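One-letter residues, chain by chain:
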Amino acid sequence: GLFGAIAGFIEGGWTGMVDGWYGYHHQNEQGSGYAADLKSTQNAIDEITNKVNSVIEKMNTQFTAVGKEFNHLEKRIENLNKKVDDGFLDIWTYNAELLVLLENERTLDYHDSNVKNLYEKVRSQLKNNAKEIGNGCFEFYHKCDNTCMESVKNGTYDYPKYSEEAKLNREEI
Amino acid sequence: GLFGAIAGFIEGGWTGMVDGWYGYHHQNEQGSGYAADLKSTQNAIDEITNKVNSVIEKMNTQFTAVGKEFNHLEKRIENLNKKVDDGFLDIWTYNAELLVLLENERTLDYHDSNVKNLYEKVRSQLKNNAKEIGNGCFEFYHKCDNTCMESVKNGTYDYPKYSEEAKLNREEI
Amino acid sequence: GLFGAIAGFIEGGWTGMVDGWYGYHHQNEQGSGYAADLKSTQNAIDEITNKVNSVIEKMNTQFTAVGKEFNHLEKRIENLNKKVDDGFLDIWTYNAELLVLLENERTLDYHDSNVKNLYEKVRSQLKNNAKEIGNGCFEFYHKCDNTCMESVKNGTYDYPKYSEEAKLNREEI
Amino acid sequence: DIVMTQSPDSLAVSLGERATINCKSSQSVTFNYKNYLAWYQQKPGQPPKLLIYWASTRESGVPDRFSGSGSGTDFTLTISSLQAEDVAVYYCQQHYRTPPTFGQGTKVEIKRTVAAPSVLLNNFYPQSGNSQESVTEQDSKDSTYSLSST
Amino acid sequence: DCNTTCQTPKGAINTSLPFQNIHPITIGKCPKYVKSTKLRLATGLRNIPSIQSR
Amino acid sequence: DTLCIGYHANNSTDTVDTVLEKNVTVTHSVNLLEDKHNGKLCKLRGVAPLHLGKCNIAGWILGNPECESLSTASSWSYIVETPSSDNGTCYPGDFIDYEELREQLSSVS
Amino acid sequence: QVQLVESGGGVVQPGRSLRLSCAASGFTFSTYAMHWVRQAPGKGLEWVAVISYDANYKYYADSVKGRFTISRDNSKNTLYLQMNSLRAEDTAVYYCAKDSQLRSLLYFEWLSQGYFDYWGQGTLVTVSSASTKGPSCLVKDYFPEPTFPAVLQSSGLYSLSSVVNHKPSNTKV
Amino acid sequence: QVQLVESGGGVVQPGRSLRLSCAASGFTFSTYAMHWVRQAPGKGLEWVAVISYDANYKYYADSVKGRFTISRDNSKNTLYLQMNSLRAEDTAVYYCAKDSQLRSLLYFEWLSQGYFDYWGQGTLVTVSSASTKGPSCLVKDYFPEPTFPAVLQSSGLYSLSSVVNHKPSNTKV
Amino acid sequence: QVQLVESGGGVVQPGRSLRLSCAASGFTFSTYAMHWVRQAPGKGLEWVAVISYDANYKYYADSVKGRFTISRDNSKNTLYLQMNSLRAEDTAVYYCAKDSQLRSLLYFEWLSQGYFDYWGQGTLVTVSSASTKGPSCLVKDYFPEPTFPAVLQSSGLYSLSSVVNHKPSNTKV
Ligand SMILES: *[C@@H]1O[C@H](CO)[C@@H](O[C@@H]2O[C@H](CO)[C@@H](O)[C@H](O)[C@H]2NC(C)=O)[C@H](O)[C@H]1NC(C)=O
Ligand SMILES: *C1O[C@H](CO)[C@@H](O)[C@H](O)[C@H]1NC(C)=O
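Chains as they are written, first to last, in the numbering used here: chain B, 6 to 178; chain P, 6 to 178; chain F, 6 to 178; chain Z, 1069 to 1218; chain L, 41 to 94; chain R, 3 to 111; chain C, 1066 to 1238; chain V, 1066 to 1238; chain E, 1066 to 1238.
Careful: at least some of the hints might be erroneous.
[Claimed, not checked] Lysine-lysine pairs mimicking PhoX-like chemistry, simulated, CA-CA at most 20 angstroms apart:
{"#": "1", "chain 1": "P", "residue 1": "44", "chain 2": "P", "residue 2": "126"}
{"#": "2", "chain 1": "L", "residue 1": "75", "chain 2": "P", "residue 2": "63"}
{"#": "3", "chain 1": "P", "residue 1": "126", "chain 2": "F", "residue 2": "73"}
{"#": "4", "chain 1": "B", "residue 1": "132", "chain 2": "B", "residue 2": "80"}
{"#": "5", "chain 1": "F", "residue 1": "132", "chain 2": "P", "residue 2": "73"}
{"#": "6", "chain 1": "Z", "residue 1": "1102", "chain 2": "R", "residue 2": "42"}
{"#": "7", "chain 1": "P", "residue 1": "172", "chain 2": "B", "residue 2": "136"}
{"#": "8", "chain 1": "Z", "residue 1": "1175", "chain 2": "Z", "residue 2": "1117"}
{"#": "9", "chain 1": "P", "residue 1": "63", "chain 2": "P", "residue 2": "126"}
{"#": "10", "chain 1": "P", "residue 1": "132", "chain 2": "F", "residue 2": "136"}
{"#": "11", "chain 1": "P", "residue 1": "132", "chain 2": "P", "residue 2": "73"}
{"#": "12", "chain 1": "B", "residue 1": "166", "chain 2": "F", "residue 2": "73"}
{"#": "13", "chain 1": "P", "residue 1": "172", "chain 2": "F", "residue 2": "172"}
{"#": "14", "chain 1": "F", "residue 1": "166", "chain 2": "P", "residue 2": "136"}
Treat the hints as calculated values from the structure; they're not laboratory data.
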């Protein structure tokens, strides 16, 4: 079906990229392939493990023994006790819910924010050498063997090098 | 007056664009006009309607009958009951406030985040064909009738086509 | 050590830029120098001062006198009173913690979001005139005295002007 | 204004046969995996009851014979264990945009074998501007029509 | 013969999680009682193997 | 010649609710909510509860003929009585401050 | 459970006015959009108007824009249609209906509605300059409705067969 | 309500030192920035120093940088100015003043202050090598102040008309 | 405090199977990853397998992939290793160990582990076709172990010096 254009440029996921969360894919004169950015993947796993633990471990816990007995003649108290309980129920239920809700919100943005940072890092290297074409795919104006490629992903991309060649293909038919 | 440069590139709003939240405007050889991105507008409305409902419906509600009578001789209890109430007041007031505060925060970023996604989608299509000039306005290096225009907004923009022409205007006086 | 590539493009801070939070640095034919974006710095200070005050002042405060005496024979009550207290402790502790946690989260993104907005504003001015090279540094394809420079930071940068010159250096050795 | 056209206008099925009612639409009424499209069932003389919503979802308490299909621009209600307490007009309705529009409807005649009328023309199946005709609906047993024509 | 940290009239529960909907009456060092039915906390990405029939 | 940046998908069908969207399917998650219990009355601390079976606390403590065989431990951490524990004060009358006594024999070492 | 009753239907001379009511039972009226639907005698179903839950959004079919005013009173749990300057084209049976969507934000004329979950038994409105005459075994020349389905002749009265007791004009044949 | 009292003013030989106090009443002292302002006899108003609420930020007028030390004690609700090596140019009346802004973060020397909502009755400080002599009907050659506004002659003493009882040097004419 | 006991070690014919247990005490077992480590007699330390706290992630050393199945039971606070089709290369002493990291998310085969904070006293597993014969002052031709460190001869039995009482085969010299 149709979809707002405000929806993340990279439309689909990759059952293909099994090794990690974020990562790349290449089509060059040597074959296809996927690749997981381990260092970023570990990073995010470290952070999320922390949010999970925070949400869990930050919660205090006194030894409590809820529960009280009264008789047919201490009903006012019993109702005071009732509301202290219902009172706490309505509180925790509400915070337990909005907490997971809002934290689930932020966590799926983290991830979004995270790939968009990867795609940024790349479009910043491959200045003119490449065409940005959508769903976060760059096409090359120049051959790009498994050096060039393990290189763009190494953060170590040579721009002058392949620039000369690419200069001419931003011309031809 | 003056203003931090960290403030959203698109400075003003459009009383002009009445049909929706986010949208476009065009000046070409045929007239002016505004246009609302309905699909994105519906999307955001769907999401926000949900946040509104979440904040509201997630709140539990036992049948309670706050209120207790005591006599001149059960004043300790009456004060216990007093603090259970004041206790709950101070809690809800605080969460009712920070909730709306922080949720209002995030909601106006959502919207910001949302147009910036629209402007991204566009600057990614009109690669060289256009000059990015501020307040989120692109100028064309080539004629752009109501086809070209309903097209950039259709996500379906032809880059090779108008490229040849534009190539020369990134040259002339 | 190593680090995920999802980590902010601008790696380090500047003990050098003492005047404010966000800002610039220049190397040109006249000397080095740092410069603080005061208007943005004041802006953010205004906002953060507000979050700080919100978190503090939004908190209600009834005159309360916690504390109750009972005797060897009103122990059920004393335990009701005990749990009302422990109850409130576990609540505030949890919210006091997740509040600072999540608010600390958002505040360091604000700042991140804020410089990235500065770097955006700039890469949008210096279109072709400059090379984007990482850690948020642009190099010039043309001389850039203290006019040109106080100018890119004034939001008032002349693109046609220095463009002609730069056109040729995106050519030479 | 999106336009919900549907084929065919009437349809005949012998108490037990299938029953597939098509439903095209001016344009796609599918947004974020959801299919903004319901079917409503109006028994001659009654308010319409909701039947299937979100393209394919039995409501309230609706008999299993009923089955909804489709995406984007073309849909299809499907009756199956065609009982006869279920002869009525079928409306597809889009609600992806306001104004929400409807189909013109499909009437549902329990196909039997031809049975010439009785002269008033009692029970069949299936002078210029002086006359005017007044047929009927099929009785809950006959499967034929007591028409009229002044 | 088992040990617990949190007893309830219905049975024992674990305490390695913050919330719990087994029972309001509790003895021990217990999870907070909530009237919620799920409290799934996303850790990973949005699963989008297909953009089909969207 | 192409390079794409993308992300993970898997066969997981765990959903999760965002403040903006209900039932969002994720590759990963963690329930925060103990929804399941073990149906036994376990040793609270290292120490067991004190079970009374047929007699309620009143019977047990006074010495109701029926509550006789009750292996009273040198200690316990909570008291379990049945909904059937009706065997209390056999001879009629009022047990005074009976509930203060219960919430005071409730745990002893 | 859910119950919706319409009223105030009947026969009016063209150009004149009418006000339909619809009492609701069995659900929280003050949190749903509400619609009016009509069905010309023998023709299809025409959506006519929607009023948002808070009542600050009213939207109408092109064909009643200007002349119909939809409204509500959550206090009484009823919905109104106030028709003005009625044409005969307006003759129809009027169904009061419920939107499926809780708290839909109808910020815009075109956004989507839920579906129509519950309907009214419907009340018919006949617009006609004909006067409410008698039933005048054959039964001819009455008005309005109420054995075959009649056939509104040109005169402006209804007629049929049957092989008599009129409600409007009290009679008995 | 609000009350601010200054003290410790008087006459000192140039090069020497002075410590002004200012007790505050009527508001929460420990949450506001505080300023010292001065006014040369007959001249304008000179801002002199600001100390932030927590007291880890002190900022001074160029013209007292080095020699004045502003400070506070929230425990006693008082504000101090400790002037050192006083010039005559320092002779002035010293107004203790309150910043309007709650909890202002004075992270930077230049950021903005609130306004000056409440002022002290002010205490005058005379720097002069002249000695505190008698009043010596005309009244000439006294020091310091205290009928016309006197005119500090060159000798270093004050004089005027009136058509006598000196406070400093006890006298009576 | 912390305590870890391993069991179920011993002598098995190659190709056959073995199941090691490890009871844990002194910490919250159900919130830590757990490892099995081994040490060939006289050789180094070989990491062998890790099972995540929830138990939905099990990872193995290349050299046991396929044949070993790690598992747990939080109910009993014990950890198991179930070895299958054992080679002699598998003969070793098996250490049960604790991951330092609370609730580590082992979403991926390669991500990092904590360190190994607490170890088991270790249990030895001898794989050998030799049969459990007697001790047969010199002590030669027994099996298995148990004065010098013996030297597994080629026959498949152990021998040494000392300047007798075998546990397996009950004897007394
Ligand atoms: C989220 O998904 C679940 C389905 O797994 C929906 O909850 C159940 O839906 C089915 C079909 O109506 C019912 O049989 C269950 O009884 C529902 N659970 C209950 C009792 O609420 C749920 O409706 C979905 N949410 C949305 C808005 O799509
Ligand atoms: C819990 O029970 C086990 C098994 O009976 C026992 O070994 C252990 O000592 C008990 N734990 C505590 C907390 O004493």
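Among the hints numbered above, which are violated by the structure, and what are their numbers in rising order?
3, 4, 5, 6, 9, 11 and 12
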